[PDB]
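Q: Okay, here's what each chain looks like letter by letter:
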Amino acid sequence: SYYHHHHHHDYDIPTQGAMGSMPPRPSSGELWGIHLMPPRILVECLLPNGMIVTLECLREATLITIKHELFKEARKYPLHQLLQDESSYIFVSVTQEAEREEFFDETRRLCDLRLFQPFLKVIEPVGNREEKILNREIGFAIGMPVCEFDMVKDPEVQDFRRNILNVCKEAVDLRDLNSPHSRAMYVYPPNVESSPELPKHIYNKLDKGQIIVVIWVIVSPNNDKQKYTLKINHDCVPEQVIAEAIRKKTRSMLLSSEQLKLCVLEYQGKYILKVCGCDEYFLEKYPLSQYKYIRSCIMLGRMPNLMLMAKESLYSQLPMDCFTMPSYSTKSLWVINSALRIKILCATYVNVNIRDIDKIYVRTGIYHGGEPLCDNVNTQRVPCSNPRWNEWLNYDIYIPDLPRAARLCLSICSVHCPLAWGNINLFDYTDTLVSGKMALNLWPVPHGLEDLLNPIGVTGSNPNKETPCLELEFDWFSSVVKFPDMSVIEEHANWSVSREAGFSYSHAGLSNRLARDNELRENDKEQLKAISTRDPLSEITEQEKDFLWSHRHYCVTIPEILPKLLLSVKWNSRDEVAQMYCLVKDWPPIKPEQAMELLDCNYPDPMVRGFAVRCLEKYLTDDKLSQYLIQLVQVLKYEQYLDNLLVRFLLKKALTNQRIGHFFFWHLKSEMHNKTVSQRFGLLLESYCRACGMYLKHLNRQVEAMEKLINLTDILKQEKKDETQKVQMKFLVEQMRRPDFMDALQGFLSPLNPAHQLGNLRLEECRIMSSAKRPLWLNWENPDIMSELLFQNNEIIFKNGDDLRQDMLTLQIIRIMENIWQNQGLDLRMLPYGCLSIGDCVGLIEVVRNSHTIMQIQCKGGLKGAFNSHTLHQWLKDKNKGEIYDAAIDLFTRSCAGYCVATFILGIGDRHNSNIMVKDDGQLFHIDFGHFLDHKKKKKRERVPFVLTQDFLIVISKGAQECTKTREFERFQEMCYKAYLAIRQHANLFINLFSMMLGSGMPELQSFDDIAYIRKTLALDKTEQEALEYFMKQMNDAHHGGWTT
Amino acid sequence: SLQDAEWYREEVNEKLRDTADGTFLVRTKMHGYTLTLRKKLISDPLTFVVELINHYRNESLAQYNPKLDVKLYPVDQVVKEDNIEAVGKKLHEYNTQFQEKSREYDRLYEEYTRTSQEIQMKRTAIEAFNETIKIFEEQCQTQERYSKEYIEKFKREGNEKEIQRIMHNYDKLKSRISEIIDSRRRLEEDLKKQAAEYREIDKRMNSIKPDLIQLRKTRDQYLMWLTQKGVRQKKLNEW
Ligand SMILES: Cc1cc(C)nc(N)c1
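As you go down the protein sequences, you meet chains A and B in turn.
In terms of the entry's author numbering, the first sequence is residues -26 to -12, -5 to 308, 324 to 409, 419 to 869, 872 to 944, 948 to 1053.
In terms of the entry's author numbering, the second sequence is residues 327 to 334, 340 to 358, 362 to 366, 368 to 374, 379 to 381, 393 to 398, 401 to 423, 425 to 428, 434 to 597.
Derived by calculation from the structure, the hints in this document are not laboratory data.
One or more hints might be untrue.
Said to hold, decoys possible - Beta-carbon label-pair distances, calculated as ranges:
no., chain 1, residue 1, chain 2, residue 2, range
1, A, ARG382, B, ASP529, 51 to 59 Å
2, B, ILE442, A, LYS468, 53 to 61 Å
3, A, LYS468, B, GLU502, 33 to 41 Å
4, A, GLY1050, B, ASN406, 44 to 52 Å
5, B, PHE398, A, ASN526, 20 to 28 Å
6, A, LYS468, B, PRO395, 53 to 61 Å
7, B, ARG461, A, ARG19, 43 to 51 Å
8, A, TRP386, B, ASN406, 34 to 42 Å
9, A, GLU476, B, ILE442, 52 to 60 Å
10, A, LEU523, B, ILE442, 27 to 35 Å
11, B, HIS365, A, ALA518, 20 to 28 Å
12, A, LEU523, B, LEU396, 16 to 24 Å
13, B, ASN406, A, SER507, 41 to 49 Å
14, B, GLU502, A, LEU153, 56 to 64 Å
What the hints assert, rightly or not - For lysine-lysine, the following DSS-like pairs were computed, each having C-alpha atoms within a straight-line distance of at most 25 Å:
no., chain 1, residue 1, chain 2, residue 2
15, B, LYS561, A, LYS678
16, A, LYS1030, B, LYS346
17, A, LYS1041, A, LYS943
Virtual Cβ for every residue (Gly too), placed ideally from N, Cα, C.
So that you can see chain B by itself, here it is in the shape it has in the complex:
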């Protein structure tokens, strides 16, 4: 009961990892047991191991050491299987289910980060189209100045021969502008199609994450329950 005691460094953190503001347990001898409360590793009033821990499950640690206004959780399933070997199978099964689940999460975190980049590449490219266009739009306007000065000046000389090959050039110019804009439009629609898929990447990551933590969490207690009975740290590997 003092050896057992339910609650009685490295693998304490991984059992305190992801627990509430209140959870605890107790752990060189030529140095000082260590209470490890999560919110804090922990004198004179020695009038009290199971004695001291019951006292402060009810009570806060505020009067002990000023800033510790925190008390609570002293931390079952496995289909209650007292089979040992059939608990051993389930470990591998959940461990395959968990490992299966991480790849799907890893795949998508890649696609997410490409789709972040690929998208942001697209954005800049549009800014570049828009600037490209603005230079052609300035050019079609640039030619309207000096061309229409070189229509009204002279006029008889060259005549339609001159203004044709000026008007053709000016056709080519605005029709190129037509292609570029229609090129940009087509990027922007591809952009929202990317952005659509991007939203859906997060969406399935956020729906894989919770199952990923439970699958993990079960598998931990399955592997606890085994290590409780028969030390067998070596038999676990194949699973």
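Here chain A stands alone, though its shape is the one from the complex:
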């Protein structure tokens, strides 16, 4: 009666949903095929004398421990007289990367070697320079051995490797410029806000611009440390604060006024300011307020805690960076008088149902992001099985009208749906036009791409051999055909202009023709800047394009129009292109936040991207770089060749600054699993690691720590599923006590922030969470001298099996909306906690102490019997009592306003009790954002995801009933409206960041209409007065009443 007795016969009884919460796998661990080598294993020791003696070993046993036992045991075997002293030998074996690593560091333990089969060969040290074969260091940090690059064919790869060393040396030379000061300046750069200018609400916490500080000092042996409690102007500098603190330290009843002054000078310069609790320093003359540490302390109602530290106890700690060069040290295109044609030959390895599909063909096009000619196909010949076409494809474009960065984009298709795809660059890295025969391995159609051809997709062949390999042939013109020099493209511009000045006025009915020569209309001159203001994502009309293209010379007045102009150039018309090249040559720089558009996938020309780098070189502070670092590392993908100006810029700034370095390492190492970019990023990470000085050692210790945790959780998730937490926890603690873990997981730097150190592992506070992703709550002793002043314990969550980078980006976007708002003078306090992806669905998330899901607030405050709308509000009163309560509601109201807007604008996941968090002091913040740009609409919602229940509203309006109608809530509303328009005026940036992210294979960002959601939500097609009303409309329906005027 329920199911109309309708049987499903297919439904099998066993069979995913059953524990469906841990997607990404797999890997091999400490030995081939197995995660964790048996505690006691036997290994075969191939001697030089030919004898295989099979040592029973412990998994954690060090190589010297093994050798010393091997050579004791080889006395008992035959041919002993043939062996040297044990000291004249090194170990060697085959690894899981299938190279033959020599094991020089005989402290290393057997499980940590990444062996393949448990066997070790004995040999004598090959190469007098052992020193040189600590590339394995680099190989470990990168996670693929350097010897793998040496035997690469490609001259580009080889050219990049040797050419890029230019950069490495230029930054290392800056590091030893004022050594030891500059070396410290690399290692511990000043952690500063962007502007010294202070927002009013920060200032008003200052009683006429002053702060009480605490400068600590140590004497003998150490231990008794002594507070010196200054009260100095906010905008005074460190060298002044160090004087005042010495003044105070060294006033006395046995020292005259003068005698002190002369003591102060000799003492003043021998010290510097450290933050207590972490390795941060105040190394150059910034107004004190401007360091991040202070400005937080102000905002948090905290008294800063610095430390006088001698320069020789800091120049103690910096070892030498000491860089070494490695062991690895025509006829103009415009002459060609033909059109383009490309010969398709055969596609070999296509996997299709002959029963389901009729016919298969090759679609093809030329591109620049958008395309230089009518797109073609070929005839639907030898369909499905046996599929070949021997066809010259005929492209309506002359060969001189290909732009430097021209690209063929092709795909095999069915009838209409694509099977595979792959894109080639019509030129090579040495300017040379592609000719002859090319074998293109293809890429599988992604989730988001329904479109036939995929021209945003990555340039070059898939390395994965067993895929559709579609081979093809390019026309040959009896020489390497090279692209024009710039001296020649210049000349042809200076002609294209001189010729343009002698056409008839009858001809000015062309409309791409600025007949308003130097004088122009005021309506025109205004309608141009009206374009300028428009976001990147508003499509431009042929009329506007032409209108721009003609007036291009007035467009230098508005530098900011350049992106719109560049898209208005006919890149299929080498006259137009050679001219645009000549504008771009000396076009006024622009703001990075605008110049970063020019590095996205719609501007692939190298002249353009150059102008864009040049902008960064001027206007981009090292603060603002690490802010946008993700979007820059991402945008490398969109470069045509390995060696280019952006890679050199980033490589240099990273070797200039070890904080940028740090994240620049991980953001590359993060994406190393992805074969789109393994080669590119692999090579770049070689150069970084080769030139970064001692940080290569620090990275390796982090790198090794992450691997322990990867192997550990990979086990927990596979063999140990279907066991009690009790069982798993008893297995996790068993494991972490092993000395190889204890070595590998203790003294090292938080990859979330290398300022924090990690030191001892507190195992009783270490545990697995409930989640079936089996995340480890890991907890470290902050080993700082003044741990007690900052946090005695550091604790951060390692989560195997979850793609962190959506979260990563939303947090970064929030972090930006905050900085935007707070310089605007609207204090809304978001808490964008740390998140770092270190791999393929592997990452780190910062723990915010003293915070709970609304749900625990309601479980803890839940009455015995069958929760209360007030319980949140009652739990918050419970904490904050007095005039503390009044200001704690201000915090909840300030955060809760901003988090409403960010959430609405981004369109992050639906919020509820178990992903909304409230802190003791009363700040609210969101966690686990999931799909960010409204990725469940693929199955015009303009959704409101943060919908403020009674719970929140009560708390917003102290304790009232009919909260809807308080001033408390009138204030809150005004916060939301001011925040929303704030972000609407910076929407060019948020679009641009999201554009720059299409590079990563996040399914939420496959192409621009994904991003277009953030137009509607900000209502950019409207005017701000309707925007407001749209937002108010939007917010009103979700809440069921509240929002007008």
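Got chain A sorted already, so can you dock chain B with the ligand onto it with the hints?
A: Showing chain B with the ligand alone in chain A's frame:
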């Protein structure tokens, strides 16, 4: 007819999305209707809204603005159902069929990418076997040098006692080599079994993709046909 006109930003792209080289339609007022031709968002000769669009369905836009050699498609089913509510059911049905179809596609795109990795892990492992073996093959050859020097030298001393425990060691060595090679062989056969399943993953993805686009495509026009009659943007959600 000028309001209606059959063809008359964001949701224009999603109706131009996946259409031919020729398809079109027409869409701040204090700014300029916008012709949106797919191959191009679009003066002086103003002698002509329905007037202008008929003129260039026949004719190319080449003489208008030099590089626009493109004219054609001005874009029915739903079982022609003038039922409203029964068109409403079918939306949910196709939408469940489509959603059903995406999971099957999503599942397989995972298996595909594992099977790409799992395979490529296997390949490297074989390279590693082959190198492992080459070191044992060098070792069995390494011992044949110095062992057969330590047979003929002396010979009387130890005698079979010496050469036995050298010959045993040398047994162990080549028989270990036997195990390793048979280990490698067994990987390579498992490799082609993986590669077999891998081919079959693509195969069913390529046969799900076309149905996935049609199911989508129907569901769009079903949901168009509804929004045509009664605005009801809110009733659609449950479906
Ligand atoms: C979707 C689209 C279309 C065109 C002509 N240009 C873009 N940059 C993006």
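Q: Now tell me, hint by hint, if it's right for this structure.
A: Hint by hint, here is what the structure shows:
| no. | hint | in the structure |
| --- | --- | --- |
| 1 | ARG382/A - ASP529/B: 51 to 59 Å | holds (55 Å) |
| 2 | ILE442/B - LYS468/A: 53 to 61 Å | holds (55 Å) |
| 3 | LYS468/A - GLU502/B: 33 to 41 Å | holds (38 Å) |
| 4 | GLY1050/A - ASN406/B: 44 to 52 Å | holds (50 Å) |
| 5 | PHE398/B - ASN526/A: 20 to 28 Å | holds (23 Å) |
| 6 | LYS468/A - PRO395/B: 53 to 61 Å | holds (58 Å) |
| 7 | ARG461/B - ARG19/A: 43 to 51 Å | holds (46 Å) |
| 8 | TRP386/A - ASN406/B: 34 to 42 Å | holds (38 Å) |
| 9 | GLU476/A - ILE442/B: 52 to 60 Å | holds (57 Å) |
| 10 | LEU523/A - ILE442/B: 27 to 35 Å | violated (56 Å) |
| 11 | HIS365/B - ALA518/A: 20 to 28 Å | holds (24 Å) |
| 12 | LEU523/A - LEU396/B: 16 to 24 Å | holds (22 Å) |
| 13 | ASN406/B - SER507/A: 41 to 49 Å | violated (33 Å) |
| 14 | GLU502/B - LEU153/A: 56 to 64 Å | holds (58 Å) |
| 15 | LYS561/B - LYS678/A | holds (22 Å) |
| 16 | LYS1030/A - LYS346/B | holds (22 Å) |
| 17 | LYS1041/A - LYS943/A | holds (24 Å) |
Hints 10, 13 from the earlier list are contradicted by this structure; the remaining hints agree with it.
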